[PDB]
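K.L.:
Following the hints, complete the assembly by docking chain A onto the known chain B.
So the chains spell out like this:
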Amino acid sequence: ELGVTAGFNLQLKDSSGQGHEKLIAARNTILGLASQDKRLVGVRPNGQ
Amino acid sequence: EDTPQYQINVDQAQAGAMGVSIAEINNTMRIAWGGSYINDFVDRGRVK
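Protein chains in written order, with the deposited numbering: chain B, 675 to 722; chain A, 723 to 770.
Isolated chain B, as found in the complex:
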């Protein structure tokens, strides 16, 4: 957590039991928007 972490880190939460599929769909929408943004670079999911 100190030497190789230039970028930001965030946790998207499923606050209501909507299931895994809805959560990953929301993740996909977030990533898709972020890909089309000038000020943000290389945003990816950090899990399998």
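Treat the hints loosely; a few may be bogus.
Cross-link-like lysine-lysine pairs, in silico, DSS-like; alpha carbons within 27 Å at most [stated by the list, open to error]:
| # | chain 1 | residue 1 | chain 2 | residue 2 |
| --- | --- | --- | --- | --- |
| 1 | B | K696 | A | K770 |
| 2 | B | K687 | A | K770 |
| 3 | B | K712 | B | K687 |
What the hints contain is simulated information worked out from the structure, not anything from laboratory work.
P.N.:
Structure of chain A alone, referenced to chain B:
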């Protein structure tokens, strides 16, 4: 305050006469009247 209670008396003699196990009587009473917690299940992503 101290209060009246109900006492159940189980006859070993009649229990043997009918071929019923003391342990079986105890288990039946325990579940039927006291109730028991068995195992878990999932409810909207939370174990219950």
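K.L.:
Does each hint fit the structure? Answer for all of them.
P.N.:
Evaluated hints:
The suggested pairing of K696(B) with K770(A) holds, with an alpha-carbon distance near 22 Å, which does not exceed 27 Å. For the hint pairing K687(B) with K770(A), the CA-to-CA distance comes to about 21 Å; that is within 27 Å, so the pair holds. Using a Cα cut-off of 27 Å, the hinted pair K712(B) and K687(B) holds, with the two alpha carbons roughly 25 Å apart.
The structure is consistent with each of the numbered hints, conforming to all of them.
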